[PDB]
Amino acid sequence: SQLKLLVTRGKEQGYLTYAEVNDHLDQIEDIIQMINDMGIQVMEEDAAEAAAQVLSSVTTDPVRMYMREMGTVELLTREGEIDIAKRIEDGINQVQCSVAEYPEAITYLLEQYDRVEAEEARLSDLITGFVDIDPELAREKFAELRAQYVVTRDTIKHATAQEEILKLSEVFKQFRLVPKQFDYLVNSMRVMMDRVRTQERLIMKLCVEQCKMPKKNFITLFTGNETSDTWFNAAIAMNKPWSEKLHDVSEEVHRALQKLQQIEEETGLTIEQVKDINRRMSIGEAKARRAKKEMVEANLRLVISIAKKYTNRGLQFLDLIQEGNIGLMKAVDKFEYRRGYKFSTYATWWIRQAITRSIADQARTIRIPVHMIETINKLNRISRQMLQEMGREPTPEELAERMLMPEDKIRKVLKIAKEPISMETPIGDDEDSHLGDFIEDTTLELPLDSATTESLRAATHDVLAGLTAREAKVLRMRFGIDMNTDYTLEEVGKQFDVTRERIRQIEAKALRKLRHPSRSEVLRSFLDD
Amino acid sequence: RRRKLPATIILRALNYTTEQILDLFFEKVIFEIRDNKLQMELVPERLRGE
Amino acid sequence: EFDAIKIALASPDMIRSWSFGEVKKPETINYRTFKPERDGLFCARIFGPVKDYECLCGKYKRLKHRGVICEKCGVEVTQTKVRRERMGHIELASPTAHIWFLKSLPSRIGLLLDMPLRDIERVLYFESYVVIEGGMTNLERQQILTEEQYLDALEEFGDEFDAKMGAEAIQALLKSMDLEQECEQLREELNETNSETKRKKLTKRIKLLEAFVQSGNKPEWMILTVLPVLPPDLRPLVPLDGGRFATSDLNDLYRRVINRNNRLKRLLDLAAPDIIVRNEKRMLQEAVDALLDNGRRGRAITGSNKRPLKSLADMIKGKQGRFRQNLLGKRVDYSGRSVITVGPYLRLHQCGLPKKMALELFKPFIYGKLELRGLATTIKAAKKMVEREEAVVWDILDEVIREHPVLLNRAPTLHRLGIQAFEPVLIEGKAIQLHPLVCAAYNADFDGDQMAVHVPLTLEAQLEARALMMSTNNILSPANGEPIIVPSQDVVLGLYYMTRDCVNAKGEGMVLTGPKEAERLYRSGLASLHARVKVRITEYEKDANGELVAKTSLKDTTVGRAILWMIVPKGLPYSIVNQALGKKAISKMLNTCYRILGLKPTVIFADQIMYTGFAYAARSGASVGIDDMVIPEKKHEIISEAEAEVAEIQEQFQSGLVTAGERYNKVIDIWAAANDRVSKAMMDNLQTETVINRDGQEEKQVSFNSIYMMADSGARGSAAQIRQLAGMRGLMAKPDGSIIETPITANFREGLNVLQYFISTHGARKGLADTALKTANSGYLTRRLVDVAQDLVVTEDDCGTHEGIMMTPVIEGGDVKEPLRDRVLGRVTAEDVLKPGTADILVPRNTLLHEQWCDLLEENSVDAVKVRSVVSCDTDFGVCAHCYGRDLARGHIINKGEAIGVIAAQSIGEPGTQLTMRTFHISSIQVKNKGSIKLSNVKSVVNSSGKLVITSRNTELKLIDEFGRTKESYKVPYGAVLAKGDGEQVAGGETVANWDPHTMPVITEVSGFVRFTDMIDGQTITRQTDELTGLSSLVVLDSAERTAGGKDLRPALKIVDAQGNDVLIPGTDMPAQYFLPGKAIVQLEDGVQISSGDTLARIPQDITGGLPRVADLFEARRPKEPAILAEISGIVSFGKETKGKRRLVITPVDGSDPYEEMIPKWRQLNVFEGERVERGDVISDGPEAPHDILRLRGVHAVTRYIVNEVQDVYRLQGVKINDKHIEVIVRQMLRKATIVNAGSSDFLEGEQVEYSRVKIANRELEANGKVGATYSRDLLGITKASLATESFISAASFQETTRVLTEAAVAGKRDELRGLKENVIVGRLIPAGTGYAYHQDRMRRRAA
Ligand SMILES: [Mg+2]
Ligand SMILES: [Zn+2]
Ligand SMILES: [Zn+2]
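Chains as they are written, first to last, in the UniProt record's numbering: chain A, 7 to 31, 39 to 58, 75 to 87, 94 to 167, 212 to 236, 242 to 613; chain B, 200 to 249; chain C, 16 to 937, 948 to 1126, 1133 to 1375.
The hints are simulated quantities; they were obtained by calculation from the structure and are not laboratory data.
Here a beta-carbon is modelled for each residue, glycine too, at the ideal position from N, C-alpha and C.
There's no promise every hint is true.
A few chain C residues facing chain A, derived, Cβ under 10 Å [unchecked claim]:
| # | residue |
| --- | --- |
| 1 | 50 |
| 2 | 78 |
| 3 | 258 |
| 4 | 314 |
| 5 | 375 |
| 6 | 535 |
| 7 | 539 |
| 8 | 610 |
Taking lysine-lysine pairs in the BS3-like style, the calculated list, with each CA pair at most 30 Å apart, reads [to be verified]:
| # | chain 1 | residue 1 | chain 2 | residue 2 |
| --- | --- | --- | --- | --- |
| 9 | A | 377 | C | 216 |
| 10 | A | 17 | C | 219 |
| 11 | A | 10 | C | 74 |
| 12 | A | 502 | C | 213 |
| 13 | C | 280 | A | 392 |
| 14 | A | 496 | C | 190 |
| 15 | C | 76 | A | 578 |
| 16 | A | 557 | C | 395 |
| 17 | C | 219 | A | 557 |
| 18 | A | 499 | C | 983 |
| 19 | A | 377 | C | 74 |
| 20 | A | 376 | C | 280 |
| 21 | C | 1151 | A | 17 |
| 22 | A | 289 | C | 21 |
| 23 | C | 972 | C | 983 |
| 24 | C | 615 | C | 649 |
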């Protein structure tokens, strides 16, 4: 009963300073704030049992928690990093072969290649170069995959076809196409399996997961034939009571066979080929991704070092680090040891631009262009070596001759900086009046000026009372009076049915009668020169 | 402002022991075996009002 | 028009219903133009247009496009004020936890899920999983894991775990759990575990869950997935002159949270490593948590300013926040300030005004008049011409101000008399005039103090100010009926100089035809202003039924008093101006004028007394001269004697006879005695030094020294400071309380050398330092009184009950510290008042005791008046008007509507300033005068001397007079030597009781012999023989004195006879053997004889007054030495021994005594284990707690203890305050209560609820055939009674805002506007005052 004793002491004495709470036991700050409201009135020189129970249970600074997270992280070895890199490469090669394991993947490849041969893109933008100068080689090489395919079409009738679809894949592996074309068939390959797997959710889940169908009966039926009705539409003579329940969906999951034969057609070959193709892909792919995840772990020590110097330019320290990580992971996709290098020197390029491209983006309440922040950081630095050099200070004219800019393109940037003041700033007087307590309004109608205008629509109503029905109505017509209004002069020509020209005559007649001194002197009151 | 310690902990950390510490901080009342009923030396003003 | 304000948790679909779009970007504005960004924290489309009736792209810029939202810029063109009204929402990338249900003290999400808060903390910040659908492997929903355990559960099965970590985990926890299931479960798991902790804990938690149930609120609503943003306007981005800007911290906080949300979104589409994304989620939880509030989170995450960023909740709570500061205390239009000066010429019903301020505040009025007159054309011309200030506007202003009152007001408005309304009087100059008889009501001098004037705009406002608030209607203080327009500082000096006999002056001893000839003779220079004179006068002593019967005489008096009589009205008798007429007497004069002759004559007479007093103090030429500060000729003598004394003590101290710590005290007492001697000498030499000789010989009169004349008059200062002028000036204690032994033997008429001044500086510095600190809490106890009893108003007219208190004077054996007059003036008798002739019904049932009935009782001497307090008023939600009484500023019965809670607060508060701010601290009943004696509770017998001696306990003496009253009472302890009996018309100066602190005897009831029982030596006691002379005796020994071989025995000198029995005490079933506790000093050895009432064994054995003694006293705080008493009324007896504390039980007459608890013997027993003590009888020690007074002696005692406790703090100070107010705070102190049995109720039996629900419930259930239910009366300190509140807006405004809100949020509370603190917030009328009609008729509207 240590802290239980100290809280007993708090209920005894009723005020406990840092001496006890430091010597009766960060978590220090946390526990003092908790002991505040037994209530105890702690100081520095349903809660009593509630706070007692929370003080009976024995840091959350996310920086401390982040160090503790990183505790099981350690610098990775150089050629070990090469090993992780080659593992990533093996994963990307698994994914490449997987897409080349899909023949119609290469078919859509030829589709895009023809569209760029029909000029639907750029001959150097169809791919990020082959793994080898002039496109007619790589293009004819793509054309080789064209002919290398139609030589493959002769042989699904299977011994000579399987190693012919791959020869256009082994050539495929020696290429490097742009990721958008890469991810399209991939994200179509991602679409391919969701379509087929969803079918078995219509195929199998509507048998194995509803009709009390044991796992053996579908797997012992489906996988082995896997395409026709011999595995599904033959199960309804299983001598079973649940295979008897295979009738109500027999025309429905047979549709799911109508969708699979589409998918076998859509895949061009058996779905189990396509299955272990993209199964193999994401099998290595996750491992491939797993390889990248491993490497990013052992480089955050760089990023905490990088961000150690950008900190106090108005950005939260855990905000610098997260932007730091974003570059560190983006480079894992881009760093290549294929030259033979250390990732350490490569990373800080990306991680520097990460912090700084962000620091100029989301580090003020008024945002500014990086090319303007390009300017301000160029002045403030060039301000240094001129203030330190010339003597007193760089006048904006003096900056005009260091930087030959017009000095009214400069001086506007020197008006740009100095982000707004905290309106909760405490003003003097020791009165606790904040700054915002004196910033007045400009939207308010001056209470007198409202009081004025209420007579205006009254007073103009006065003279407009003693008008003719035409002039009184036409002026309310002509001007924006007592309605959603201001109908144009042609518009008043229509409603009053007189003339676009005649209206201005009576309109001219209108105030010409109202231009009488000693007749409309009321609005003469609303004049002050 | 840190955790409290028994004060002579620093002194034991200060290369000190029982004898010379209790010498430095108190006086010396010497009992002896003078063969008969523990004959004791005393200072007359050392033992005033009591 | 709305009503019944509501609050509850907010659904995500609710929050989507509020917004007009969702912010996405963290941009705010365009840095080149200042137009809002696309969908930043200031949007065009989202929060609407920027200026009046235009889009932002400029496509449409007319009012005729109203409503249509543009197509390029898409901003809905409407008023620009709409940016103040719209709200934006945010779709968080992932869930995150609301701080208020997370880190608040009772942990609203803590006890909603059985968890410790640190467990859910480890869950939230991505530390350890929490299991949900955790299979039938090891867990189901609660217990936490680790990554070793997370992977060894993911080990051996991937299925069957289904757990997450952080926000989503808690969200699935709440979204899965049902309420009804858990409530019924722990219901069954409750009544089988209703152990004393378990019962209350589980019952309260199931109460919370059922409150969640009936609310329709969903727990997963607590965790946030959509976050709503303020409108832009309330967090503006104002432009500052000079290119800079100013924003509120809400802006950048929103910006940072949007940045973290965008980052987590980018992370999620990357499928980056879970470490980085988990840090992102943690960071966003951090950001939102610091957004909603800054305190629970560790570090208030500051900005480039070295100050903490100021988040949302900080804009509601605190002093600075909206509630406490800006929502009640707000500036005002048509109000101005100035410096106040006196201008004594003008009457009490008005105040001077500067002309410039008068023309400013009433500007719109003067515009309206100049347009009504046609002296201008339009308002613009009117403003232009008043700015020119032509002649006509002055007459217009003199016309409009004419009957139009203005409010005056000072900075420290303590009581309601700090704001009074006056009629303006246009004055040139720029000061504010003031009737000097109103400064004291304000408590403002003229050292440059500044009032403020507000204008009552509304015609109901003008009438409110004139009929309720105008100064002439408000002359009598509210804290006590004393008139508070008394002559303050200088008119009293003039009046005292006017009414002052001197033995010989001009025209001594003539006869005057009237007062008028007195005035004519004085101003002509033929008699002196004050010469003793025979004068003929006529006094209108109205005696018949409103009949002013005049009757003249030849009064012998001063010319001055005769003059002053001409301003006294018809009512009073001449014996009021026929004295010296100091400061006290003249206040009494105004009091009697009000009491006799109404109000208007008293106000007119007040202005007259001020006018004449000022004029004659002008005539007096009363100066102060250096010759007038007389030094006594025998001062240096006393100084030499005292210096001889200090030398003498020093000589002895060198002689070794004294301690320095007593040499100090001896020299202090020496100098103090010398100080009082010097003061008496100087008073004799100054108070009456004036000798005068009419007809030869000289005669003695009071002095005419015009410092004495300003102390004896009581105008300013007293005898003590005049001592400080001439005589020696104190001893000048150090700051703490250590007095410096070498006094300041100088005075101020002589100088003070540097060390005398330096010694003065200690006390001067401390005093000034602590008088500048009663300013720091001028209104702290006033605040904490108002915020508990503000919601209490007189509501009905009479509740027809009979309870109340029996009023009796506050006398403690001296003189009557408070007569029955004051304690009963203005209250309502609950029954008749029967003369001691036992047939004289004097006031039947509802006679408001004004001065006349209380007078009649005064000369009739009945002191038993059962008066209906407020605290026992049967009314609901308020108090019977007839119960409260009459003590208004107006002398009449209270009228329904009056916010007596607030005036009670301001009366118990504002004299608190007049108290001392710091808690300072401070044997035989000898009959002091003539009379008889009455022993109340006199349970005694003819004792050993054949006389009376206290065998009882609470025998209270009384100086019985033959009037029918109690003249002077005393307390008589146990076994007191009553040298007489009860009912003896005795003489004066007699000690009729005696007793010894070292002899608290156990004297015998009846006779017997000294025949012991169990008194065994070596086993129980020691055979003591005090052989200085050789007497042996068996004194009782305590258990540490008794051995273990006799500790399970009970020593006693057994009462016996000469035969062999143990003579049993008649009345009990026990034989008499006086069991004795430890230290029981015994003498009579075995076998000795005694008789009835003999000395068997006679065992041996400051009031504060500060202000914070009162706030504590209004808190029922358990003092250090509580005194517990008997819960049962009957014969008591001991029990177990020393389980840390002794044991003993109070046995009933017939029932059971299961009552026993840890009675520590460090707190000494005053009763043995053989007395028939009743419930509420003194057994424990020290100061009784006020709680036990309630639970044992009832509510009336706990209030009579508390008013008679806090009143004497005022009483000990010389301050006066009525008792009515100290009850109305009491009545709030005991509003809550606890239950005795459900019966026909709807609550827990061992539960707590306010009185009125019970009070309406089980009084109604008697109307039904169902049973009534019983309840225990709780009692809460004011700040603890104040939190318990039916509202949730009256609580947010003063207490911990977050604590109230989350509780009232989860509770789904609904406040229907009542009380006075809420209707101010909403800005409708108040239920209490003039707006009592406006709020009842809502009930008729709320009655259909
Ligand atoms: Mg003052
Ligand atoms: Zn538009
Ligand atoms: Zn009442």
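Results for each hint:
Among the interface hints, the one on residue 50/C is violated; its C-beta lies about 12 Å from the nearest C-beta in chain A, farther than the 10 Å criterion. Using the Cβ-Cβ criterion of 10 Å, the hint placing residue 78/C at the interface with chain A is satisfied: the shortest such distance is roughly 8 Å. The interface hint given for residue 258/C is met, as the beta carbon of that residue sits about 5 Å from the closest beta carbon of chain A, less than 10 Å. At its closest, the beta carbon of residue 314/C sits 7 Å from a beta carbon of chain A; the interface hint therefore holds under the 10 Å criterion.
Annotation: interface hint on residue 375/C violated; nearest CB of chain A at approximately 14 Å, more than 10 Å. Against a cut-off of 10 Å between C-beta atoms, the interface hint on residue 535/C is violated, since the closest Cβ of chain A lies about 60 Å away. Here the hint on residue 539/C is broken, as its CB sits about 60 Å from the closest CB of chain A, past 10 Å. About 46 Å separates the beta-carbon of residue 610/C from the nearest beta-carbon of chain A, more than 10 Å, and the hint is not met.
In summary, the hint linking residue 377/A to residue 216/C is not supported, as the alpha carbons are separated by about 49 Å, beyond the 30 Å threshold. Taken as a hint, the residue 17/A and residue 219/C pair is honoured in the structure, with Cα atoms around 23 Å apart against an allowance of 30 Å. A hinted pair counts as satisfied when its Cα atoms are at most 30 Å apart, and residue 10/A with residue 74/C does not qualify at roughly 70 Å. With a CA separation close to 60 Å, the supplied pair residue 502/A and residue 213/C exceeds the 30 Å bound.
The hinted pair formed by residue 280/C and residue 392/A meets the criterion: a straight-line CA distance of about 25 Å does not exceed 30 Å. Among the hinted pairs, residue 496/A with residue 190/C is inconsistent with the structure: their alpha-carbon atoms are about 55 Å apart, more than 30 Å. Restraint check for residue 76/C and residue 578/A: satisfied, since their Cα atoms lie roughly 25 Å apart, inside the 30 Å limit. A distance of roughly 28 Å separates the Cα atoms of residue 557/A and residue 395/C; the hinted pair therefore holds under the 30 Å criterion.
Straight-line distance between C-alpha atoms of residue 219/C and residue 557/A comes to about 74 Å, which puts the hinted pair past the 30 Å bound. Only pairs whose Cα atoms come within 30 Å are accepted, and residue 499/A paired with residue 983/C is rejected, the gap being roughly 90 Å. For the hint linking residue 377/A to residue 74/C, the alpha-carbon distance of about 52 Å lies beyond 30 Å, and the restraint is violated. Taken as a hint, the residue 376/A and residue 280/C pair is honoured in the structure, with Cα atoms around 20 Å apart against an allowance of 30 Å.
Taken as a hint, the residue 1151/C and residue 17/A pair is honoured in the structure, with Cα atoms around 13 Å apart against an allowance of 30 Å. As the CA atoms of residue 289/A and residue 21/C are separated by approximately 49 Å, the hinted pair breaks the 30 Å bound. For the hint linking residue 972/C to residue 983/C, the alpha-carbon distance of about 19 Å falls within 30 Å, and the restraint holds. Distance hint between residue 615/C and residue 649/C is unfulfilled; the C-alpha atoms sit about 54 Å from each other, more than 30 Å.
Figure legend: structure checked against the earlier numbered hints; hints not met, in rising order: 1, 5, 6, 7, 8, 9, 11, 12, 14, 17, 18, 19, 22 and 24.
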